[PDB]
Structures are given as structure tokens and as C-alpha cells.
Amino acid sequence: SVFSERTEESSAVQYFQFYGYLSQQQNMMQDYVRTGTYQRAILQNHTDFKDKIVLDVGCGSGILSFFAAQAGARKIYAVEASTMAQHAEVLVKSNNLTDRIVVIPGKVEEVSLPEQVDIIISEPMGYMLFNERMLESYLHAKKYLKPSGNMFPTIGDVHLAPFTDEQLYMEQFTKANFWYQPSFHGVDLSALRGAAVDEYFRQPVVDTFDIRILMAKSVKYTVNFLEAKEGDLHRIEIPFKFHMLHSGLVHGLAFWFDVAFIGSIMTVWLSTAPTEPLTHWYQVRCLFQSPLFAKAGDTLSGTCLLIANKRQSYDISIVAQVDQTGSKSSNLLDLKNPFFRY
């Protein structure tokens, strides 16, 4: 299928084993911003669900399907590929909703639905929005969407902004300099120092931060889920031209994201911005191995290219330059292996 074609088997095995744990579902359920905002978006747009047909893509515990049932849905197909499906089925029986929620085990790229749906709901966002490549499954699910059907969430915005954080930058060399020792128990390790540095800088940094580190207004890249095709996410090119609001050393780019549920009654936003309450997505920072000096009023221009790989993630390429000086920095990160710094 489409999923098997884009995913190495080892990665899929690990991924669905991970999501088969109740502790992981629980971790996501306990994110109050996430769960509360989803419930609110669904219940306050009750006309988009009352007596409607719903598809829940990757239902996990089934929480969103139960929210759709609370809003009056007639029939909800809840698709889930990990062993969590079995758990979801138990919940459906214990909440007396067997006539309204049908759990379907398997991948949404491989299962069958008995009918087309009025609305698709899902929680397909990973770190930096795109991690885990679940958005593609979400977009794939539009083969089951009736003409003029809706999607919750409806659109996604990724934000990027340059930051300064001298201590974060320094920590990488401090860790790597373990190898810059000529007699570790009699062994000269120094020839690996460079490799160590490289390894640490290929990891995106997952945590939160004070907004005062941001040096320019963010640039936005938008995916409209009603319109986008799976193939649009294999190569994501984000050009940027920042007008520097503060002078300093740019140590890298920070990323966050919002999604919007565009309903008939109201639009509801779920934001992971550093100006908003913390979520379990935090924010993501990609460091430059060579920082760039910038003056307030200078322009920092370049490109962030995200190239989808078969490990359900992206290879990140960031090229940036300060236009007033021509000083450049290029960087390659592996989004599959972030550094959880919180």
C-alpha cells in the first residue's frame, strides 16, 4: 500500500509498538491544551457533527471519536493500526456506543470503510508539525470524504524564527569536548571530537524557551488540508527573509505550529507557540554549527527544505545568510532523533 511503500518496516514496527502503550496515549490525553481544545472545537461546532458520518484517523484511545459522539454524530469510523485498537473497542463497549462508533483495526491506507463520511477528524501533528509523516495518512483519508466534506483540523501553520541562545550553543561543544582528551585511561580520543560535534548538531532540540531569544518576526508556511495532496509533503520548501529586530548572534531557527478547526459555527485554534501555554509538542530549535552575526535592520535570508524519508520523518536542510555581509551558514538535521532537552 501507500504506507508500506513510503515506510521502512523496522520504523513502522517501532512506531506502532510505541503507540500500543496505554502510557503513551495517556501522555497525549493529559495534554490539557490539546485534548481540551479538540473537545471544544468539536462540541462548539455541533452542527458539523450532529447526525453526520465521521472518520477518526488514528483514533488511539478513541477520545476524539467519543467527542464526536458527544456532539451528536450518527456513525463514527475510528481507524487505528496499533494494538490500541483493541483497547479502543473495550471503551466503545463500556461507554455503550457500539451502535455509533465502529473501531476498524489497521492502517487507513489499507482498510475498507462501508460508506463515505461527512467529516474527517484526526490528531496527525508531530514535532515541528511534520514529524511522524502522519499528515500524509490524514490527507490519504480524503479518499473517503464526501464531496464538500470537512476536516478537523482544517489548516496548519508552521512558524519559523531566528533565535539567539549562547548557552544552548555552548553546551554542544562542552559535551563534545569529552573526546578532546589525549589520555582517557591512556587513550587519545581527540580524533573523534569533530564527529561528536557533528552528531550533536544534527539533532533538533525539543524544549521551550523565553520569547526574548527570538530576533525577528516569524515566517509562516501553511498547509490547507482540504486541498493538499500527500505528495505535497514529500518535499517542503520554506523560503524565509527575516528583518532583524535585534542585533546579535543567530544560533539557529526556532519552529512551532498552529492548527485551525474551521467549523460552520466558529473557527477554533490550537497553538503550540512560545507565547501560548505549553503543550507536549513544546517547540523545536535547529542550531547552526556556525552562528551568524546580524544587526538590527539587516535581512537574514535563506531556505528551510524538509525532505521526507522512509523512517517516518524528514531530513532538514537549513541555509541562511546575512545579506548585508554575505556571511553564510548551512546545516543538516535528522528530525527522527531529536534531543529532548526539557
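Heads up, when I say rigid core I mean the largest set of C-alphas that superpose within 1.5 Å between the two forms. Residue numbers count along the first chain shown, from 1. Compared with the form deposited in another entry:
Only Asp188, out of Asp99, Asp188, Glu115, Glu110, shows a C-alpha shift of 2 Å or more between these two forms on alignment of the rigid core. Fitting the two forms on the rigid core leaves the C-alpha of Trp179 displaced by at least 2 angstroms between these two forms.
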Second form
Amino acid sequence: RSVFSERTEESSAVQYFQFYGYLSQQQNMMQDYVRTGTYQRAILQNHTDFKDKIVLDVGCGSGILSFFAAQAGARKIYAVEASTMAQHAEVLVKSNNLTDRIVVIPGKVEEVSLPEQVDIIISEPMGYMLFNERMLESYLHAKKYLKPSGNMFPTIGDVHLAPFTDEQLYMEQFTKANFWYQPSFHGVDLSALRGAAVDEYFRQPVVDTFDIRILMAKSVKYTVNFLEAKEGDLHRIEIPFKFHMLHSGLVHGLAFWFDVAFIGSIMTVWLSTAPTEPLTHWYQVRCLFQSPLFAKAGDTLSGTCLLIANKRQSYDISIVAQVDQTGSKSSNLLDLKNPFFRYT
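Mind giving me the form deposited in another entry, seeing as the form deposited in one PDB entry was just shown?
Keep in mind that what follows is only the chain, not its partners or any molecules around it.
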């Protein structure tokens, strides 16, 4: 039936909205002060984008961003939430005396009916590596409700990519895989599964932070403009790259992070997940190469990061990289749905 159910396996959806149904999970996001306080700053400092305006909050969760919009003088805020968190949001709207201004609407933004078109859409639809969850697509879908020359908060998103060296990370993953190297595990030969094991462990993106000294080159930027993109733009995301290596050493994979910009009428406010910035609950993301690439300073490392949307609310990621000077290449598949959360 709906645009959402056509692109999403039911098993994925149930589990997804179950996770967000937990007050403990909403609290986790809320307690990220950089995230929550930057959203508040972006909204309050652009108060004229809200004052007496009609607002759509896509995936309101607790209601938190709708309360910021109300603090900035919005006339009416439609707060849409597909998880059972919608009922808790309703309770908060009542206890905060904002029933005249915040209207919770339970269900998927792809399935509900709003009573009118809006001036501005706000959301926090960013997953780790930006694209996990495929919630950006629901955010773009919601533009069917946006007035001409309406705005989006956030307005754009930049994904950054850079090559890294981290021998300790590589060996940590490699060591776990080599459990399946043993030819006599309790007298049983596991070694025929070595290859599948390495493949599975290296399909896992690594979510954690790190020092910027591990980066071997200036980062490449890929931009998505939410004011212009169509949902279909996010089905196949292709990020070519050419890195000018600043340091010699082994390239163990690519590091990703993302920034979003809230481009208001008064000022632009950035929310950054970069490793040079204060740490957020998104940390940063690294895709390891099963086979590291040796490169010399001044070499070029070129290739393509390709993200293919799947029905499990995430992406199949392929990264092909090569050192142009030697023709040394690494081909990699990663399953963005199945990360290794390594942070302590």
C-alpha cells in the first residue's frame, strides 16, 4: 500500500518502531547536549522562521523539537510519530499547557493526513553515517506538505570521507575472525570458514571516535540538499573520490562523518559530527578494508563509495579504492545495518 510499506520489510519496521518506543531511547538522544542544544539554538536564533508559522515535526519522538518550535512562537505544529512514543508526547503537550499549539498525529508521515500545508518542516532524521534508518527519505517525502518557498530544518547535509590508518583496529577485527582459522577447535576443523568469517567481520562498520592524526588526507565532501532532493535520489548514492595522500603508510579503510546545516533567515547553524568537534551520540564511522592499501605521501587514492538502499531501512555499501601509482585495489562490501559499536 503506502510508500513506506513498499520500501520496508515488516520485520524491520516492527523492530525499528519498537526501539524508538522506549523512553530510555528517547532519553539517550535527548541527553546528547550537542545535538539537542544545537537544534534548540538553530530554531530559537531563527525565530522569524517559526513565529506565527505552521510547522511539521517529522518523527517527533518525545516532542522535543516541537517544543522548541513552540518556544519560537509557531502558531501550529503538527508532530508526527509512528512509534508508541506518540502517546507519551501527547502527555507532555498537555502537562506543558501547549494543547492549543502542538498537535500530535500518530502514525507514519507517509500514511497520515495533515489538515493543511506547512511553512517549515523540522526533523532529526540522521542515522549513523547520516544515511542509516532511511529516515531522510521520510523527511523528503514530507515535502508533499510544504508550501512553495517553505523551508527545511535541517536544510542540507554534508557527508565527509577520509582515508585512515589504524593498525590496532584492523588487528582487533582480524583476530576475532581468526577464531575460524582453528583446525582443531575441541578437535573440530573450523578453517574452511575462515574466509566467510573475515567477510562477515569486515562487513561491519565500526562506530566510535578516534584522534584526527589517524587521517591520511584531507576529507572529500558529498552534499545532499534537502530543499531540492527527491526521495528517489537516495535509493542509489554514488560518492566518487580522489584523495591526495599527505602521509605515507597503510590505508586500513575510510572514515565517515557528517554535518548538517540549518539555513534560516537570520543565520546558519551547523551541527557537526566531525572528529575535530565535540563528540555526539553518532560518534564517527569507519569502514575497514580486509586488505589494507599501502600508499606514499603524494600518491592519489581514488575510487567510489556506493550506497544502495535495501528493504531493512539501511544500505548496502560498496567501497572500491585504488592507489593510482601502483594499481593496488581494495573492493569492499559493508552492511550498514549491522555496525560494531566499539566505543567504551
